[PDB]
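Colleague: One-letter residues, chain by chain:
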Amino acid sequence: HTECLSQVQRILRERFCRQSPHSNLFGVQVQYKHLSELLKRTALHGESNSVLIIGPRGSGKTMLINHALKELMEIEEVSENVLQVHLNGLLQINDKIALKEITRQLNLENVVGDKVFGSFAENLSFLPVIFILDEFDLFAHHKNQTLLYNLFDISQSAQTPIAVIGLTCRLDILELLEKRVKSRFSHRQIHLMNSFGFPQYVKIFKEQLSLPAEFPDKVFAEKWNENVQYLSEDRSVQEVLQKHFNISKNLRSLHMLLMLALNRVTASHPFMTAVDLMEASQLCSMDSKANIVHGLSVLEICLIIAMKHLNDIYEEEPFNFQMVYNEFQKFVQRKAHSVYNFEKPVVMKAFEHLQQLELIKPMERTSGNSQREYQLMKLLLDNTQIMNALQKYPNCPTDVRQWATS
Amino acid sequence: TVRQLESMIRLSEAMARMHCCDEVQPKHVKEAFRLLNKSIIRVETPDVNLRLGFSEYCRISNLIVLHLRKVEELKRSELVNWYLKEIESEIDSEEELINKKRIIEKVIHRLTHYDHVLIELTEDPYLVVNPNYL
Amino acid sequence: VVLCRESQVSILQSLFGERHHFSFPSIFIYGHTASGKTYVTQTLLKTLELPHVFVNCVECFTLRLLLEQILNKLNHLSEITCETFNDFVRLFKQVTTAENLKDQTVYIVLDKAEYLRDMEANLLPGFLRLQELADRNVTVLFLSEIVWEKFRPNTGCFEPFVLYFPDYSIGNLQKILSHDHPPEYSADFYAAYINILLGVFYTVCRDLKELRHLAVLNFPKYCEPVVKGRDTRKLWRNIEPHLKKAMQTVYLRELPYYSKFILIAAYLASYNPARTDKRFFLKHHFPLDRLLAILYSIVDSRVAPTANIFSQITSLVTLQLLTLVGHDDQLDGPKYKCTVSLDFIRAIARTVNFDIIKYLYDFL
Ligand SMILES: Nc1ncnc2c1ncn2[C@@H]1O[C@H](COP(=O)(O)OP(=O)(O)OP(O)(O)=S)[C@@H](O)[C@H]1O
Ligand SMILES: Nc1ncnc2c1ncn2[C@@H]1O[C@H](COP(=O)(O)OP(=O)(O)OP(O)(O)=S)[C@@H](O)[C@H]1O
Ligand SMILES: [Mg+2]
Ligand SMILES: [Mg+2]
Numbered sequence: 001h002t003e004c005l006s007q008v009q010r011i012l013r014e015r016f017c018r019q020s021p022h023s024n025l026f027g028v029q030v031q032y033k034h035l036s037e038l039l040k041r042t043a044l045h046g047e048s049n050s051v052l053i054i055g056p057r058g059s060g061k062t063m064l065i066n067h068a069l070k071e072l073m074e075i076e077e078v079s080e081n082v083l084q085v086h087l088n089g090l091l092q093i094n095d096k097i098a099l100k101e102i103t104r105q106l107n108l109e110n111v112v113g114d115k116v117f118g119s120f121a122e123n124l125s126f127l128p129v130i131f132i133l134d135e136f137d138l139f140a141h142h143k144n145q146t147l148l149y150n151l152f153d154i155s156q157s158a159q160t161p162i163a164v165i166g167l168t169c170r171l172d173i174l175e176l177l178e179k180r181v182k183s184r185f186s187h188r189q190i191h192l193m194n195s196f197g198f199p200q201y202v203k204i205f206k207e208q209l210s211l212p213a214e215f216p217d218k219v220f221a222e223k224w225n226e227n228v229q230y231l232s233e234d235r236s237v238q239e240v241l242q243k244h245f246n247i248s249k250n251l252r253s254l255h256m257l258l259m260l261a262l263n264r265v266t267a268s269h270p271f272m273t274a275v276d277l278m279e280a281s282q283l284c285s286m287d288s289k290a291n292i293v294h295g296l297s298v299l300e301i302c303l304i305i306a307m308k309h310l311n312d313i314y315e316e317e318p319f320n321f322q323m324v325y326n327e328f329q330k331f332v333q334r335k336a337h338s339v340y341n342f343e344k345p346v347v348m349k350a351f352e353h354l355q356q357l358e359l360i361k362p363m364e365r366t367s368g369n370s371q372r373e374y375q376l377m378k379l380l381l382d383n384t385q386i387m388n389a390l391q392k393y394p395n396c397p398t399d400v401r402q403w404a405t406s
Numbered sequence: 001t002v003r004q005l006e007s008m009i010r011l012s013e014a015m016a017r018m019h020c021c022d023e024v025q026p027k028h029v030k031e032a033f034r035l036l037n038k039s040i041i042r043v044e045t046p047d048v049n050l051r052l053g054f055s056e057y058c059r060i061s062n063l064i065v066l067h068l069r070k071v072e073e074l075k076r077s078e079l080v081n082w083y084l085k086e087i088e089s090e091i092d093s094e095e096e097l098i099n100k101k102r103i104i105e106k107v108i109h110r111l112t113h114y115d116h117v118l119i120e121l122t123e124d125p126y127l128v129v130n131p132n133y134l
Numbered sequence: 001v002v003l004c005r006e007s008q009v010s011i012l013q014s015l016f017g018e019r020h021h022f023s024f025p026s027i028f029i030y031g032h033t034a035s036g037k038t039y040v041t042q043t044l045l046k047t048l049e050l051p052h053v054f055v056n057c058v059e060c061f062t063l064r065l066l067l068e069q070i071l072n073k074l075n076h077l078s079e080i081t082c083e084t085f086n087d088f089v090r091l092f093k094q095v096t097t098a099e100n101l102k103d104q105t106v107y108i109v110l111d112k113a114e115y116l117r118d119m120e121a122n123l124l125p126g127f128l129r130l131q132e133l134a135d136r137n138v139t140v141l142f143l144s145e146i147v148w149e150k151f152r153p154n155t156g157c158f159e160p161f162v163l164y165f166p167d168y169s170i171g172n173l174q175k176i177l178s179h180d181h182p183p184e185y186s187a188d189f190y191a192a193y194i195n196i197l198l199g200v201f202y203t204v205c206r207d208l209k210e211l212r213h214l215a216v217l218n219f220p221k222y223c224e225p226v227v228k229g230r231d232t233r234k235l236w237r238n239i240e241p242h243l244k245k246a247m248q249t250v251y252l253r254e255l256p257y258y259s260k261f262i263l264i265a266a267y268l269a270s271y272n273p274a275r276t277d278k279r280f281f282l283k284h285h286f287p288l289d290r291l292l293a294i295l296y297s298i299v300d301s302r303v304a305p306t307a308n309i310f311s312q313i314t315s316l317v318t319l320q321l322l323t324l325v326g327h328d329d330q331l332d333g334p335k336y337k338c339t340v341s342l343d344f345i346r347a348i349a350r351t352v353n354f355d356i357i358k359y360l361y362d363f364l
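Going line by line, the protein sequences match chains V, Y and D.
According to my numbering, the residues represented by the first sequence are 1 to 406, in order.
According to my numbering, the residues represented by the second sequence are 1 to 134, in order.
According to my numbering, the residues represented by the third sequence are 1 to 364, in order.
Please keep in mind that the hints were generated in silico from the structure rather than gathered at the bench.
You may find that some hints are simply not true.
Beyond 12 Å from chain Y on every Cβ pair, some chain V residues (computed) [to be verified]:
1. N94
2. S195
3. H244
4. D399
5. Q402
Calculated pairs, DSBU-like style, for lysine-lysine (alpha carbon to alpha carbon, straight line, at most 30 Å) [as the list claims (entries may be wrong)]:
6. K175/D with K61/V
7. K112/D with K75/Y
8. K85/Y with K218/V
9. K38/Y with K75/Y
10. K73/D with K61/V
11. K70/Y with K337/D
12. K361/V with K228/D
13. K234/D with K349/V
14. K175/D with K112/D
Anything over 12 Å on all C-beta distances counts as not near chain V; from chain Y, calculated [as the list claims (entries may be wrong)]:
15. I40
16. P46
17. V117
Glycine residues also receive a C-beta, built at the ideal position from the N, C-alpha and C atoms.
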């Protein structure tokens, strides 16, 4: 009952939100085999290696390394001799901070010293330890690439064994390095691509939402497995999966969609429904621009229609406040006695609000020399977007609609 | 210029001669004022949602605003009854009467809830004119 | 309390689950100005009694201030000073180990996040993936008016769950405005007040705060006729002109002699092309010298070049009526621009008995 639902909620939330390790690996057999073999070579012997892993973000780059480490560290007492250092390109933006982190993680600050002294020969002269480098591309943007060069040098040196592992999303990581480090860099690359078809994606979806064999209740788990198996071949679920697979093959989006779908699982509905997945897919695939336009007022809509007319008459040219005001006045004067008698300041405030919402952006920004008036503005919307948004407007008056059509 | 004034007089006289009237009436002046004003003109006005033309929509709006503003110096049902009394000279069948009732109900609702020219005050709500319609 | 806000609250409560449960690393909430983002989330956090730290981006205009305020408030919930983001991560890991903070999710509400993209390059990506780095059951919320499309960094980062707060309608606005009725009169009276106010001003002013402010300001005049002695027609007739006068201002809430001539000459120099200048001033057929010549032509009396006229010029420059264009060091060829509205210049010319329209080349 309720306790089982709470436990399965916890397990699935841990699986998706935190990305807890799982024994299931998809289409990464050769890559993981190669990486684990090389890690075993670097650990059981004094040989050194340098490898880069290139892939799109969210493609489980970190999972390979984590699984390999959990697989190979516990083999023997080698874990006692092996030391691990982790460096992230986001936290360490300067070489001084990187050196401080390296010293602190190695617990040599007592040996090296506590003060801010720039000398690092204490470690360099003293320098098996493995290095992990997340966001390797950021390190290449340093002033002289000193840390990367020193790491490659000690890797190529014959003093101590050092294994270097880098992670990258850019495919051009080779050209961001200088000639010296590139020559000293062992050209070992692993590529992580989602090289699998739509049926394999469906199998991945079916397996991911499958309860593990360690759950206490067994008949409930079997019923859950049968339910997910049945939901696998439903054509609405397959349509949603086809849409998301066409959009992107990254597993992170799939995990997010599954989490959002599972959010709507309650006691009254212990097992999911295809309509729930349809609702989640609809919630994940709505455009913000149309919503923002829908949330506007009448005066803003009139101003936007005038802006569209200006863009149509003058093909791809900027504009200012005065022309828009003049043609809005023309529109309200052609009509006999419509209730739109507004003065300059209120229209000016409406224009300021529109610019604040960042639907309009200035060109070659300057202030003081040019006022808000007489400033070259441009629109950041498309005609079809305006038409579609105006169709769904709740209480659009007839006059403004016909003016928009004209 | 004065030439347009003479043209307006001529147009009023032409309207008077058309109707075989020995004297000129202000209705002819009101008729000719539109024709002198319109200038640029489309081929045909688009329909407004059963559909109704833009000119008839403006005519109904003008009539209802004028009556309410005159009475200012009412009730929904009373106003509808007045309108049907005024338009009796045109309706010739029961179907036309029910069509006119449908049209006026729809137009009053549309003005109340879309164009904001008519404001509701609390089955027979009071109707007032938005004070910024001329 | 919250009115017409039940879907989003239910969604958030379902998302949170239990205290020991985990949630998303990043939720990005966006909506309009008067959607009530601050009210709803703060009331929900107070009701659920969760450990949350509320932060304004504008107040913390520097990174050190932001981190120190976050750490101090979190410690008070359970002096600390940090300087770098890595040090902040380490200190956060150290401080989160409290028993009250052991098996509970920590929420960091940030509002007015539009400025975060102008603070540092890597600060936003670091905040997005905080739960991975800390690994300590941490959730970060965002409140903003700009869509997520413009918050995306070039390198791409962990996509937050996007959420939208629905826009308000006539019924919702009327309900919200009619909830806080004054106790000294009937609820239906205030409901009719809200109805007429909406019928007058909904076309332009949809802001709940602004409309409520207008209602608060105008209610005393609404209640006068009954005090003077449920008459809807009487109240409406007594009250209409005041409402029109109020609607005249929805969002709004004597120069020396020679200064007027200087201003009109500057306006003429700015808005009249040079080629026509003689056509308007030479008896027979912008730089400072042009202004001086135009001034000499306009004024019927011979004006001596006393230093006081230059003092007037500089004073007008200071008063932000004339804008200096060229370099400040170059005070032999200075350039000026006039920023006065045309109605103002017409009024001052009328007070001077001068017809500027006769000289404006564009109008002719
Ligand atoms: N081949 C795979 N087998 C199993 N799970 C996978 C595989 N590829 C990706 N995933 C899952 O995809 C999810 C998202 O991967 P992430 O770990 O967020 O990406 P990443 O490895 O951190 O790369 P970055 O660039 O550091 S964000 C995780 O839950 C992984 O378990
Ligand atoms: N749904 C609502 N129910 C009840 N009161 C509301 C609601 N929305 C807004 N309010 C009230 O309106 C006041 C002003 O709204 P805000 O909370 O300032 O709007 P906001 O979305 O937070 O916009 P910002 O971020 O402050 S510019 C709040 O303090 C509430 O008293
Ligand atoms: Mg990672
Ligand atoms: Mg707020």
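Colleague: Compare the structure with the hints numbered earlier in the document and write down the numbers of the violated ones, lowest to highest.
Modeller: Of the numbered hints given earlier, those the structure breaks are 4, 5, 6, 7, 8, 9, 10, 11, 12, 13, 15, 16, 17, listed in rising order.
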